[PDB]
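Colleague: Letter by letter, the chains look like this.
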Amino acid sequence: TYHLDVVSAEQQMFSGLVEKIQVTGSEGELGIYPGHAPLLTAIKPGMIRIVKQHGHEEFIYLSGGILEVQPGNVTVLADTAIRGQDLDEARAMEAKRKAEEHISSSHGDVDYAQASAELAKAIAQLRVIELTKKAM
Amino acid sequence: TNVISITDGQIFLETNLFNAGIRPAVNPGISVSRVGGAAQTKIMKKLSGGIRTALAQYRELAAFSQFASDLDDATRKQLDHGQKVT
Amino acid sequence: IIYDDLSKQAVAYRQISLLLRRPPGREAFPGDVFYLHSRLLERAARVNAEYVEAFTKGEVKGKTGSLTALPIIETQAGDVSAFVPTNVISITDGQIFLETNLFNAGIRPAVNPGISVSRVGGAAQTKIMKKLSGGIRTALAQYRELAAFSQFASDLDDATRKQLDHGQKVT
Amino acid sequence: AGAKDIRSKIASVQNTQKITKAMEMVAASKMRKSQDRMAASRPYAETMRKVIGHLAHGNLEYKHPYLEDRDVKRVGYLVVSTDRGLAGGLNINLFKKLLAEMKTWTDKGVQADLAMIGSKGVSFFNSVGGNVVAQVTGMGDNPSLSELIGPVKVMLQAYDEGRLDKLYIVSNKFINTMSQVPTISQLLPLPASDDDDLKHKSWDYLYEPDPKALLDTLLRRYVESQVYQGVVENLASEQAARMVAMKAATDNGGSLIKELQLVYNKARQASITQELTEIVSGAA
Amino acid sequence: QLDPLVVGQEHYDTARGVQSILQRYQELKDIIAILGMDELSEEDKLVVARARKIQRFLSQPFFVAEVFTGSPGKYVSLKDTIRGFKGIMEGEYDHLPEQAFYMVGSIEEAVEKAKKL
Amino acid sequence: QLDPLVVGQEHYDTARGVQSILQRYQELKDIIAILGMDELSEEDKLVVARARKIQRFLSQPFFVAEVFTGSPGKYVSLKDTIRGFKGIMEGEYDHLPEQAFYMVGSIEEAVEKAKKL
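Residue numbers (the deposited numbering), protein chains in the order written: chain H, 3 to 138; chain C, 343 to 428; chain A, 258 to 428; chain G, 1 to 284; chain D, 343 to 459; chain F, 343 to 459.
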């Protein structure tokens with residue numbers, strides 16, 4: 003068997019020893035058995051099939067990525083969203099827009115919000131440094 | 343405490359407000375007048391109610407002024423209207 | 258015996274002293290205000306069988322008498338340090354501190370652990386209770402600060418979430 | 001003054017000390033988790049950089065614009081900033097390092113373009129009149145690669161279009177729980193970074209369809225991934241800085257209590273003396 | 343006198359409900375300041391809306407303040423007070439705007455006033 | 343005597359500006375004491391940096407105090423000091439270290455003292 007890693011930029015999706023995989027490579031569907039010669043290809047979105055050793059199959063869904071193969075290593079640099087000149091341009095347009103209208107979304111950290119609010123209210127009109135005679 | 347008990351109202355003059363530039367230094371949040379609205383001209387009676395509320399909301403929000411940049415514009419509007427009326 | 262609000266006997270004594278021009282003391286309570294509550298509370302005692310047998314001239318021989326006292330005091334907004342409350346805290350063998358925050362929050366009786374204590378300790382406690390309760394006190398004393406850390410922290414370690422659940426159960 | 005004011009102030013400062021100690025605890029846990037997410041990024045970038053080692057530097061090479069060291073007429077920066085305050089000087093040290101270097105660049109007459117991650121830098125450079133071309137904000141403590149695609153896409157699109165000649169990322173580096181450092185590091189043109197595939201002369205890939213098409217997306221994804229790594233290291237560095245700052249603030253509060261209680265005791269004694277002298281010398 | 347045995351469970355529960363709703367709105371005000379309204383959950387925004395409507399509804403015009411405001415005073419019987427606060431907390435009036443509750447007096451007058459605003 | 347009628351507009355206005363800055367600096371000393379100087383807004387750091395200069399520039403060496411400090415005394419004319427404070431407030435000496443202002447005469451002895459550290 004061969005060692006397969008499925009890894010995203012954010013996290014690792016799979017690791018293990020595998021009997022075969024079936025993969026929708028860009029220029030037509032592909033299959034990797036052991037000892038497969040060194041190869042490098044982009045892939046389309048869809049279910050990859052994994053056959054783990056002792057035959058235990060499992061599926062994984064990939065949104066794209068690059069498949070790469072070496073003597074005993076195969077890895078799939080998956081990625082987290084559909085990547086395509088159609089979508090990336092929309093993202094970049096929104097990012098440019100927000101630079102113009104000067105929007106800012108609030109962070110979602112409700113705990114920092116509450117802590118900072120209580121801190122601001124507790125520290126207000128404390129006037130301590132006038133009361134303790136500390137010079138500063 | 344005796345004369346605060348006898349009279350009908352109080353004008354509290356604050357030395358901090360007087361230093362910060364606010365002159366006359368009347369402290370609106372603890373000054374009172376128990377004859378109140380009854381004694382004004384009705385134009386003033388009409389118009390000053392909103393100043394009361396503008397300053398009350400400003401005094402409730404003011405604690406955040408030292409973290410203001412973190413605030414939300416929905417309150418930044420009030421927190422600037424308070425400063426402008428003051 | 259239960260004295261309801263010695264805090265008011267002190268005041269009545271202050272009045273009936275100042276009416277007699279007897280010279281004042283801190284907070285205006287007359288000089289010997291400590292010796293007012295002291296010579297009272299020191300009668301609550303457990304007296305051994307030889308004092309009983311002497312006092313009663315033999316009529317009862319085995320027994321030990323006793324007189325427990327539960328005085329009540331009334332602080333001003335939780336100020337334990339006021340004059341009379343700290344006099345009495347210095348005379349007695351413990352205190353049950355009733356906390357306004359817990360009482361309003363619905364925790365009735367609002368006993369406040371940690372700051373309340375019985376200095377005779379388990380010697381007074383029946384055996385089964387000394388066994389079962391030996392942990393409760395400090396476990397709750399810790400839970401009440403752990404649940405005060407809670408509010409500024411979602412995403413709690415469940416090694417502590419078990420604790421905040423148990424403490425909430427028992428409370 | 002008077003006992004009943006100072007005891008109220010002491011109470012409020014003790015409450016403040018509770019707040020800041022809780023925040024120190026929270027930040028100390030989030031640093032551990034953010035550094036775990038930091039260490040969950042290395043594999044992707046490292047393997048992709050080995051692949052680019054083989055494909056681009058190689059024993060034969062492919063002309064790509066991102067590799068060549070063309071003339072500099074204007075420079076882009078990707079700026080990482082926190083979304084939350086109380087971080088200590090972290091943002092302002094970073095912005096001053098950036099501003100010093102951007103001054104040094106504009107002293108050769110080159111313009112500069114900024115893409116902002118995080119809202120604090122957005123506000124700062126709106127104030128100092130920087131040239132912010134794109135921004136993303138509100139990622140908070142959940143950075144994700146998909147949100148970063150926007151600005152990095154803009155900066156790539158402008159680089160290949162010749163509108164930019166060099167591209168930097170500017171961010172903090174987490175080193176120790178007690179020490180982090182602001183850094184400016186180049187990412188286009190791609191640095192020369194060893195990874196000599198001479199050893200790997202033994203083999204070569206079957207490219208499908210062709211090496212140039214693959215190499216283009218490999219470099220695009222690699223730049224995106226280095227921006228993501230920088231965002232996560234900055235997040236972990238923010239959590240470390242907030243932890244040490246809240247520690248300092250809790251000890252400051254703990255000293256202010258020592259001052260206030262001496263003032264309080266003095267007032268207690270003076271009020272007892274002036275009460276008792278008013279009573280006694282008011283007899284007879 | 344505020345305990346179930348004397349006021350009845352209906353009254354006691356309505357009172358504790360109003361207290362709970364206000365006490366949670368106090369928590370929420372300082373999230374709303376820092377983060378703005380939109381980050382709240384759907385029931386948090388509904389709690390805020392009911393808490394404001396209760397806070398407004400506790401106001402009332404007095405037959406003796408009639409000289410200061412001019413507006414004629416109202417008398418509200420206890421039945422109508424409980425039925426109003428329970429109906430607000432149960433959401434029976436979530437469709438009226440907040441100003442409709444201010445100074446009306448009884449809850450039917452809230453329902454009437456909401457039309458003209 | 344501190345009236346526009348008496349000292350003229352410019353002097354009165356400078357004095358009141360100095361008071362306003364120093365008061366705003368007092369209002370910050372508690373937050374600075376607790377949380378440190380880094381949590382201030384970017385414009386408050388400037389208020390603080392100017393107040394800490396105004397405090398020093400209010401210092402002066404006295405002819406009678408040569409006994410204590412050696413440094414020779416200075417006489418500063420009014421015309422020559424309202425100009426210096428108007429300058430510091432308007433931020434035109436805002437590139438000079440604090441200790442440049444400590445124990446000097448007019449603002450030109452400060453601008454000189456900065457060169458020598």
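A portion of the hints provided could be inaccurate.
To be verified - Heads up, simulated DSSO-like pairs for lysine-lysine below, C-alpha to C-alpha not over 30 Å straight-line:
no. : chain 1 : residue 1 : chain 2 : residue 2
1   : G       : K33       : G       : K18
2   : H       : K98       : G       : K173
3   : H       : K135      : G       : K4
4   : G       : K9        : F       : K371
5   : F       : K387      : G       : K9
6   : H       : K123      : G       : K18
Just so you know, the hints here were simulated from the structure itself, not pulled from any lab data.
Colleague: Keeping to a limit of 30 Å between CA atoms, is the pair of F/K387 and G/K9 held or broken?
Modeller: Answer holds: F/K387 to G/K9 is near 26 Å, not above 30 Å.
Colleague: Check the hint pairing G/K9 with F/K371 against an upper bound of 30 Å on the C-alpha distance.
Modeller: With Cα atoms ~15 Å apart, G/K9 and F/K371 stay inside 30 Å; holds.
Colleague: Is H/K123 close enough to G/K18, meaning Cα to Cα at most 30 Å?
Modeller: Holds - the C-alpha atoms of G/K18 and H/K123 are around 14 Å apart, at most 30 Å.
Colleague: Would you mind confirming whether the straight-line C-alpha gap from H/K135 to G/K4 stays at or under 30 Å?
Modeller: holds (18 Å)
Colleague: Please work out if G/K33 and G/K18 have their alpha carbons no farther apart than 30 Å.
Modeller: holds (23 Å)
Colleague: Are H/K98 and G/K173 close enough, with their CA atoms no more than 30 Å apart?
Modeller: holds (27 Å)
Checked against the numbered hints given earlier, the structure satisfies every one of them.
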